[PDB]
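Take a look at this single chain in structure tokens; it is the form deposited in one PDB entry.
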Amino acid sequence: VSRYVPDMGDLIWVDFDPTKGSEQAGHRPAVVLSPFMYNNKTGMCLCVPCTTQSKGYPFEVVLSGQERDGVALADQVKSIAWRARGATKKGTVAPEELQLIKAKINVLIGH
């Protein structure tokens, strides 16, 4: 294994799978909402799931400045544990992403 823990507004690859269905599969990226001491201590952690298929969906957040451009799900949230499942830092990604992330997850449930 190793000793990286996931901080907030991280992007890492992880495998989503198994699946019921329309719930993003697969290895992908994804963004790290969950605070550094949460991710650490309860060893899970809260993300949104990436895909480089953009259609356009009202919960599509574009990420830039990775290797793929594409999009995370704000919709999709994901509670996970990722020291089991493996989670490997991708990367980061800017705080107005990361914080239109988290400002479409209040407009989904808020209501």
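Positions refer to the first chain, counted from 1. Just so we're on the same page, rigid core means the largest C-alpha set that superposes within 1.5 Å between forms. Compared with the form deposited in another entry:
Relative to the superposed rigid core, the position of the CA of residue 66 differs between the two forms by 2 Å or more.
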The other form holds:
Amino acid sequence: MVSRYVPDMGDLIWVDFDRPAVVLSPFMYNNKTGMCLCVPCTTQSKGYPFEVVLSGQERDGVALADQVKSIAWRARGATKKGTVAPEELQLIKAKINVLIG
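Show the same protein again, this time as the form deposited in another entry rather than the form deposited in one PDB entry.
So it's only the chain below, everything else dropped.
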């Protein structure tokens, strides 16, 4: 069996850098480059302008949209934990767009 998981947008993955992360880039990109864009999650909701609270009960369930980073997802050990809700993914993207200007 040769096929293996490749992150897709909206995936919540366990990764060694920025442990939970939300994938923003699409499968077509992630499958060809070995990289994906992702946003790290942390524990505490603070009302920080760039945070997005994720539904569910996970320990690290606040995404920090401003700390987006390209990561080499194979080398960092990306394992899929689940997904975020579409509305959460869209709020993350909107906040990054504001930062990029």
